[PDB]
Amino acid sequence: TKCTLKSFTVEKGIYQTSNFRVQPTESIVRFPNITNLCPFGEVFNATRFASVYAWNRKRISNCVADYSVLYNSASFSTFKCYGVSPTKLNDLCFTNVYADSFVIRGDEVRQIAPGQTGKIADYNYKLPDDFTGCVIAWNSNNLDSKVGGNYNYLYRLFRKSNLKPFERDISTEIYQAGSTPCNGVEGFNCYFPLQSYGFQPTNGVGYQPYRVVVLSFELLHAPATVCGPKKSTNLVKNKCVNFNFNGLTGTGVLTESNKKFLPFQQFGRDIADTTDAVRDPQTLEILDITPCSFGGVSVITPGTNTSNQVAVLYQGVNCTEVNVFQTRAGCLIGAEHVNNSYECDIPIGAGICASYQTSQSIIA
Amino acid sequence: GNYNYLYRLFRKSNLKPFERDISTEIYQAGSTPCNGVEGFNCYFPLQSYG
Amino acid sequence: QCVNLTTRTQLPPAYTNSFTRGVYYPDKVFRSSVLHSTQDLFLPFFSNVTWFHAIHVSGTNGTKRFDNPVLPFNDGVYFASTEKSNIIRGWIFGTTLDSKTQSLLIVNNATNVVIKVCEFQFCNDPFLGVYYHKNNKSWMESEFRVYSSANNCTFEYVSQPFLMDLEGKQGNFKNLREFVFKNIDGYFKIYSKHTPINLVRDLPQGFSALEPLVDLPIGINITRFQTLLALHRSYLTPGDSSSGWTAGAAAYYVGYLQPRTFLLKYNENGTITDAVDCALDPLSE
Ligand SMILES: *[C@@H]1O[C@H](CO)[C@@H](O)[C@H](O)[C@H]1NC(C)=O
Ligand SMILES: *[C@@H]1O[C@H](CO)[C@@H](O)[C@H](O)[C@H]1NC(C)=O
Ligand SMILES: *[C@@H]1O[C@H](CO)[C@@H](O)[C@H](O)[C@H]1NC(C)=O
Ligand SMILES: *[C@@H]1O[C@H](CO)[C@@H](O)[C@H](O)[C@H]1NC(C)=O
Ligand SMILES: *[C@@H]1O[C@H](CO)[C@@H](O)[C@H](O)[C@H]1NC(C)=O
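As given, the protein sequences belong to chains E, F and S, one line each in that order. With full-length UniProt numbering applied, the first sequence corresponds to residues 299 to 620, 641 to 676, 689 to 694, in that order. Here full-length UniProt numbering is used: position 33 in the second sequence is 479, and no number is missing along the way. Here full-length UniProt numbering is used: position 166 in the third sequence is 179, and no number is missing along the way.
Just so you know, these hints were derived from the structure itself, not from any lab. Be aware that one or more of the hints could be misleading.
To be verified - Here are the simulated BS3-like pairs of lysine-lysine, each with C-alpha atoms no more than 25 Å apart in a straight line:
no.	chain 1	residue 1	chain 2	residue 2
1	E	458	E	417
2	E	462	S	278
3	S	113	E	558
4	F	458	E	378
5	S	113	E	356
6	S	97	E	557
7	E	558	S	187
8	F	458	E	529
9	E	557	S	278
10	E	424	E	356
11	S	129	E	356
12	S	129	E	558
13	E	386	E	417
14	E	529	S	41
15	S	77	S	129
16	F	462	E	528
17	F	462	E	386
18	S	41	E	557
19	S	77	S	195
20	S	278	E	535
21	E	310	E	356
Unchecked claim - So, partial list: chain S residues that the calculated Cβ filter (under 7 Å) puts toward chain E:
no.	residue
22	39
23	41
24	43
25	75
26	199
27	229
28	230
29	285
By construction, the Cβ of each residue, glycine as well, lies at the ideal position given by its N, Cα and C atoms.
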């Protein structure tokens, strides 16, 4: 009170000094049930893969893709992401994801990277410039390797030129490496780019095949359908806490309302466009967003030249959110309620007045 | 290319204004206890330029 | 294959009036006992909507009409199909309606919902087909000649299997299926509503609010669309391929939307009861 009206001695009366405001307790967040999980469990887990020049795409849209259960797997070799960090991936929404399926041999795993040349990186595949994606590799010698010679895979040994970004040359014709076109059997001015790949179960780590899946993202003008999984906390009712259901962020006490919404209506507003009721996504229940308890803190002083005792008035409080007198104007803490009646010395509100009578105290 | 010049590439939170970080603890990327080893989900917080 | 229907009885078009219809819920917000003023793409009250129909008169040359032309799509379209049978099936959308751009395909034959988004080969008239018999006297699907190609489809929404009636009952129309198709910069919002009716050849009067049905995030450029209907081909009308194309009774109404402000009154249970055009007459203002 002294700090409010720039003085060290206040007179008789009721002075507004501050504002009471209940602070939020928790950070309740309720998103809908996780459904329509993106099929990222079949691109990796596949019985039969394809050759390097047969990178079949498995584009997916309108799905919930969890890029975290893939990172935190401890079963891969090089989870090398580009454009985005290997973490915090389930916080971005994309339009469509492009997958790739091919089996490169050993050192060729280091060739699928932005700004890198090689056999695979110039003949079969060709990664473009800066692009948001990631590389996922794992051991292929486990099941793919054939005991006795694994020649089922194919690999383009030599091509005419460098491949175009994200292009698939299915042009399987005998290239003329020598002189005027052979147009027949290979061996004289004749070179088939696709002859074989070759593998062996008695091989090491640098000379063994690997299953690499290059996930390709896209930020087209179309709405971002592919989204990350949104977590969800519990629901504590009858307590002023912060809430975020589907974007409607705010604070308040989530009680149970008797309203009956329509099956498609989620939110609910008042006459002045203020949210008063929402529908929980997971459980179809209608809540009631009541504002957090707040008010004004007034101080009743009989004057510093008479005494130093003061009574606080919490306007608009039910004395359950802060001598405790429950008046129709607030909670008067610091004054005793007497059954007598005198003239009004310091007005409080709703027919209540406070004064300083005799051993000395403040009476309401 | 010199290799003395280093820069931080992995930190828990952002760096407050006018703050120096001279620690060389291993950054835990995923949910895997590093316990002072370099490898998967555990990268060194420094990197040269060249 | 793309067969070209013929032997159709040409006639000038017909227009009707929309007696305070085409009002939908603008957003997903519950309002109880309040009057909200919303500015969106609504159907102007008392508009000169276009009336298409499909009937076959016996006797003389007759009035064998099968209306399904290409109609523009500026900012929206209203669609109130009024018929007793299940002649109406769905619609097609897109910019050129060929295999050069993306397109939307919503079919509702009596096997499942066929909402798809691809680069189809929609013919000049995407017919449907029902067939009647005398040994097994039951209506069954016969033809699905709508597209004749396949490309990189970006969406697919086949729903649960259902068995409709698909019959050819005669009488007064007792099914009013209203639809509102919108597209705001990223989506294709469909508002649907089904109310009973006991009319013959007119549009009923009253206020019926259309409930939201889907929010397909299929970002495409839609400027043209075409309705799809079914043509009964029984034994009574024989001939070549495009000879027996009887249609029974069928009539759908079209109508476009425009930016207008409406004053919607919400009931205490949270449903719209009446509306004001706000730009129709000085009393409305
Ligand atoms: C693939 O299979 C393994 C072993 O069954 C399993 O742990 C994993 O969850 C599956 N999904 C992927 C793609 O990680
Ligand atoms: C969400 O999941 C819970 C628990 O399985 C279930 O009780 C509830 O009905 C589900 N709600 C929706 C919207 O599917
Ligand atoms: C709030 O105060 C009123 C008046 O004293 C009382 O009737 C009511 O029970 C109180 N409610 C709470 C939450 O204590
Ligand atoms: C408008 O309504 C009148 C009366 O129904 C009709 O004659 C006319 O064809 C309609 N449309 C046009 C083209 O003005
Ligand atoms: C509101 O709904 C209740 C039951 O849900 C019904 O009894 C009441 O008549 C409805 N109000 C109106 C007038 O629509």
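To see whether the hints hold, each was checked on the structure:
no., hint, in the structure
1, E/458 to E/417, "holds, 12 Å"
2, E/462 to S/278, "violated, 60 Å"
3, S/113 to E/558, "violated, 48 Å"
4, F/458 to E/378, "holds, 20 Å"
5, S/113 to E/356, "holds, 22 Å"
6, S/97 to E/557, "violated, 37 Å"
7, E/558 to S/187, "violated, 30 Å"
8, F/458 to E/529, "holds, 21 Å"
9, E/557 to S/278, "holds, 18 Å"
10, E/424 to E/356, "holds, 18 Å"
11, S/129 to E/356, "holds, 18 Å"
12, S/129 to E/558, "violated, 35 Å"
13, E/386 to E/417, "violated, 33 Å"
14, E/529 to S/41, "holds, 23 Å"
15, S/77 to S/129, "violated, 31 Å"
16, F/462 to E/528, "violated, 29 Å"
17, F/462 to E/386, "holds, 21 Å"
18, S/41 to E/557, "holds, 15 Å"
19, S/77 to S/195, "violated, 32 Å"
20, S/278 to E/535, "violated, 32 Å"
21, E/310 to E/356, "violated, 80 Å"
22, 39, "violated, 11 Å"
23, 41, "holds, 5 Å"
24, 43, "holds, 4 Å"
25, 75, "violated, 45 Å"
26, 199, "holds, 4 Å"
27, 229, "violated, 9 Å"
28, 230, "holds, 4 Å"
29, 285, "violated, 10 Å"
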